[PDB]
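Data first, discussion second: the structure below is written as C-alpha cells.
For chain A:
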Amino acid sequence: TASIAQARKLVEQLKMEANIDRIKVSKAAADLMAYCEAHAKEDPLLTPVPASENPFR
Partner candidate 1 sequence: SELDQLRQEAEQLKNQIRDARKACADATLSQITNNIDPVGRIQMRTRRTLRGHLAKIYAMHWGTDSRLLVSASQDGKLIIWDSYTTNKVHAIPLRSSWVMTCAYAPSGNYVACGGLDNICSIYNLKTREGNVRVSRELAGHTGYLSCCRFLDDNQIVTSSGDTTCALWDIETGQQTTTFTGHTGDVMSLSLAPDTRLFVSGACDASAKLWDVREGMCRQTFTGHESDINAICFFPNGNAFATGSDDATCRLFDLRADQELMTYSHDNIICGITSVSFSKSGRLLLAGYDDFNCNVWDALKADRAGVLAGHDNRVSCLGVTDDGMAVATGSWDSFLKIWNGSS
Partner candidate 2 sequence: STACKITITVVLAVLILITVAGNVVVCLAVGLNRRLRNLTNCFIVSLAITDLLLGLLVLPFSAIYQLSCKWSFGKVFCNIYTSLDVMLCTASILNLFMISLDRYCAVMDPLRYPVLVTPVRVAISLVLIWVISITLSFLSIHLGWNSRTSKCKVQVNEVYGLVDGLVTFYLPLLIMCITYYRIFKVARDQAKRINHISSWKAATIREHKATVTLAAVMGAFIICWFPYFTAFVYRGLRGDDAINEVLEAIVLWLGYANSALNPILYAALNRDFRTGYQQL
Partner candidate 3 sequence: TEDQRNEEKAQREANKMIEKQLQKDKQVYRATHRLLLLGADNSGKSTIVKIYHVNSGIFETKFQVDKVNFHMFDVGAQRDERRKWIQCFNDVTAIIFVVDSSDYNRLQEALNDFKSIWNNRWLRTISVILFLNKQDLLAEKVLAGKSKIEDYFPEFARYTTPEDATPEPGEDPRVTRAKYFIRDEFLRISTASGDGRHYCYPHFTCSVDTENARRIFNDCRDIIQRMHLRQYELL
C-alpha cells in the first residue's frame, strides 16, 4: 500500500499549489525591471567603480 499512500500525498500537494494567487507576468516582469533600475548605480559589477574605490586594485 505504498503507492496508494504516495498517490494521496501527491494529489494533496497539488491542491495546495493550485489554490495560490497568481499575478500577471507583466506585473512580475515590471517589478524585476523596476528593482534593477533603482539599484543600477550601486552595482559595482554592472557599473565598475573608480580604481580609488576598488578594494581589489
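The rule is simple: contacts are C-beta pairs under 8 Å (C-beta built on N, C-alpha and C of every residue); 3 or more make two chains touch, one makes a residue touch a chain; residues count from 1.
With respect to how the candidates were assembled, all candidates are chains of the complex that A comes from, given by their letters.
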Looking at 1, 2 or 3, the one that touches chain A within this complex is 1
Using the touch definition up top, name the residues of chain A that touch candidate 1 in the complex.
3-4, 7-8, 10-11, 13-18, 20, 22-33, 35-36, 39-40, 42-46, 48-51, 54-57
